[PDB]
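Trainee: Given only the sequences and the hints, what does the whole structure look like? Please build it.
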Amino acid sequence: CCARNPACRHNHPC
Amino acid sequence: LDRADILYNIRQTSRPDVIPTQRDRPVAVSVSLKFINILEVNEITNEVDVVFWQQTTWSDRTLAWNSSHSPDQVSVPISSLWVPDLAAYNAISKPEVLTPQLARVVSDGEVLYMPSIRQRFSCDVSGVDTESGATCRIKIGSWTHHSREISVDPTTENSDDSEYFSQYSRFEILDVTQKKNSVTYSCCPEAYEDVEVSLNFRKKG
Amino acid sequence: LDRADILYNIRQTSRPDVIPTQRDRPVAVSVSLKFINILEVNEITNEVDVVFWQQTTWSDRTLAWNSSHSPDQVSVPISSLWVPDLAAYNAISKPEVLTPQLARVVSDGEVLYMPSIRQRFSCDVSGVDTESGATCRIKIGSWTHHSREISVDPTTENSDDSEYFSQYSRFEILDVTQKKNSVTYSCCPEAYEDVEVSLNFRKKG
Amino acid sequence: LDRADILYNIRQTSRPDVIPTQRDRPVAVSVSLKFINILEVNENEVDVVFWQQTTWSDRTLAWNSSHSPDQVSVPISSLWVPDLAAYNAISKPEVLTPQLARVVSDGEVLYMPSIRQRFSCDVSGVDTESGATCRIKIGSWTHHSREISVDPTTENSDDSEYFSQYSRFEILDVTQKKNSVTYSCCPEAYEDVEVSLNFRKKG
Amino acid sequence: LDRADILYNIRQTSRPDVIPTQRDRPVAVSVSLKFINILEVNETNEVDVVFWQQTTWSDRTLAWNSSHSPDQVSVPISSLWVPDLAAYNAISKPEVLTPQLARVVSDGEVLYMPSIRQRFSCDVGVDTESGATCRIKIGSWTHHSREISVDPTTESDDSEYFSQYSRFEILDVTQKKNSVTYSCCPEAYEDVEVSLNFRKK
Amino acid sequence: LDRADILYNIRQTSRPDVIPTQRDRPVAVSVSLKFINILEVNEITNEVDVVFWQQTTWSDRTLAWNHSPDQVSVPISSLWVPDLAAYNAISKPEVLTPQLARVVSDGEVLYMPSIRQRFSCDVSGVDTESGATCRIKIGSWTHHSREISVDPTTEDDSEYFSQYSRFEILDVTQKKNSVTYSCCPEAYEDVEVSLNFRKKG
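Read top to bottom, the protein sequences are chains G, A, E, B, D and C. For any residue, its number in the authors' numbering is found by taking its place in the first sequence, counting from 1, and adding 1. The second sequence: position 33 = 33 (the authors' numbering), numbered continuously. The third sequence: position 191 = 191 (the authors' numbering), numbered continuously. Residues 1 to 43, 46 to 205 (the authors' numbering) make up the fourth sequence, in order. Residues 1 to 43, 45 to 125, 127 to 157, 159 to 204 (the authors' numbering) make up the fifth sequence, in order. Residues 1 to 66, 69 to 157, 160 to 205 (the authors' numbering) make up the sixth sequence, in order.
Incorrect hints may have been included.
Covered stretches of chain C (chain G as the covering partner; in silico rule of three or more C-beta atoms under 8 angstroms from a C-beta of chain G) [said to hold, decoys possible]: (1) 5-19; (2) 178-191.
Derived pair list, reagent style PhoX-like, types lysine-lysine, alpha-carbon separation capped at 20 angstroms [what the hints assert, rightly or not]: (3) 180(B) - 139(B); (4) 94(D) - 94(B); (5) 94(E) - 94(B).
FYI, nobody ran anything at the bench for these hints, they're computed from the structure. Ideal Cβ placement from N, Cα and C applies to all residues, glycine included.
Mentor: If you want it as structure tokens, here you go:
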């Protein structure tokens, strides 16, 4: 995933 | 459409005070807590202060737009959207939001809101110095929407729990489990769905 | 009617600053406290901090809707409603509301508001370690509406008050009584109705 | 008229940012403190809770009550309220109660908030028989004597009718007396009520 | 004109978000601190102070003819431009203790004197004869010297307003004007540095 | 144009809730911390409380005008501001100063609030010569790199640092970090600011 980064996690819910 | 147009259309159609139910099915809301830190543990007067990202997702078709020639997501202030009325039933302080109060909205109407929250809970701290540690239970569900209106589900996302946690804390995370429950109180004849999050942690050493 | 229509109609018809009296009868308000926790007892200062759900109901028939194929209840922000100006006459801190500020309106015009509130009171805590324990007295009624305008009544003891109480508190509830009264002061020609809540509690050990 | 009509008419005529002076006479404001509790004495600050009974008139609010209700509750954001301050306070007043006043059909307004506030006072003798005294000065922050007069109501030593039985302290005496102060900051005189709360620790 | 008319006209012409510069001259702002109390001294080098911040300036847009009319009115600060003063070395947000009303004079003079509680970093000698000194630096946050000038007023009894029940006493209060240029920012920023020399009784 | 006209024109055309992207380029935001104080280092809990000026700049060409004034002060509620957060903060940022930004006639916006904030940071060697280092990670809370890019500005020297602190600044360095994940074609950016500091003696 890209789950660790807040922005990425917003753009790609993990 | 440009971002201005999307945002303009969202203000026209979005009803922040109206749960976006579809054909009188519940709005399916998912909640996932990512723990960032544990501060001010108190072995007397039970009590812990935690910082966590509250990942909250749901869908609201009233927000949707055609993204064929347009951006596929935008950031929108939460005051322009319906947001679920989530509360930690066992919190002893108001949630303090640390981060900009913006949600991410996808062109299909998926919404992600993930505030960083500092909050104090009543929790069992006996054993925080031992190997098996202490466990703090946080119960989160809708304050006013029972199970025909809002369903609440944990996300599948299992053991990666230390990645988000401050490496400089005095404490370490042993385990986090997120389990669905459905509670009826005598105050209120319907059932309210919640996620119970169990944070198993201990002092380092 | 859909939720959107009802919420829209509530904003049009509801007068948040106008007590919904009918034919110069008092608005009957029922108030009942469910204790969730007792925190920060202070044997020095005789003060205690409590968390309680304040179950509050009353009616405003102007809000009713009788239409077919409609919800039985909606969730509405309290700023769209008249709410009774309830206060704990003997509180020593401002009530801190922990929960989303939404009330339920039922299709018959009943309004149900149950905020979680944290608040500090002056009470005699000397015997908190003894068998018979300490008692905290909380008086709740309307701040500005005397008995011709607002009546205040407890609801009848259905549950044990311990149903809602945190098992992780340092304290346990021995007894809760909620009794109707009337207060008068020399400030004021009329009597004010209240509920007097006696919270009898003690330390677990 | 029903309550809705009265409240509607009050919003039409009421000017919350305009002192309701009549023909350039001062608005007579009466103020009285009723002590509810004394909370956190510190060897030199003390914390008090008091109901601030405040009345004045605003004839613009008046209505005909011959076949109508005589009094209503109104949010203070719809009313002019006096800009009262405790000149010697060391904390912001914390208002504990709903911010609603009573308006009477003749234009009398009654506002009685419960306030928690900290003051600087000499508490050394709080454990002695004669006790400690806390002095609170209350008047208008910006309105001098030609614009606002401030007067205590009659009954001075103030019976602890309102005082918590569960306080660690007891009230020996309360006196509430009128004064008129000029500071060098400001060329006009400001009226105040000086409240002396004489209290001591219980045995 | 009655007070209602004046207040109404002030709302019509007053631009709370627009500095009332007149001919591209600075708005001259004067500041004077009157100390009421010193609380919660900490050995962390922090002190908590209460002070009346006497602030004055002119905004000719607010002026009216005082024929019949009042010479002054009380106006909520949300209806006025107010200087964006900050204590550059404060470590807490200023807590305003008093009603947020300013006095406007018919000539356009504005007088705003909030009571403020605020915490500062300063060197706490507090038990010695010569005492400790707390420096409070006050100036415009965003307006350099061509837009806002900041000046002390000429002094009169530093202890006049001071609580006699405080644990501390005021030895002296002094003012210095400063004009500072940082490398962040090519213009000069004016401040007034107020030195509160105090000690434990 | 006078200041009133400029401010009026900004409110038309400024969209506080819309990122002012130009032709699908990111809004280039530069962020730089100037440390003013270090307040409550805690060796027990690994937490530090700091005060810093957060120098933040970016452009919004829609605001531009113009011989007649070149800059104005504008309340931030009239502007889009980047949704920057310190990812490792453990308290809400407390803004100490008036919430006004500077807008330049070319559309540059400069916002520099004074902020008090607590971070989780390694304080172990704060009494040693080489000292402790506190890392503060800053980026957009909801925007990836094609919408908002974040870069440090070029100046590091404690020009702004209180001489009355218990601590002294040894060094401040700023590095940009930029990751692309295989899930996702766009890049994620933050600025890591390293505050190397120690107790004086």
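Trainee: Hints broken by the structure, by number, lowest first?
Mentor: Of the numbered hints, just 1 does not hold.
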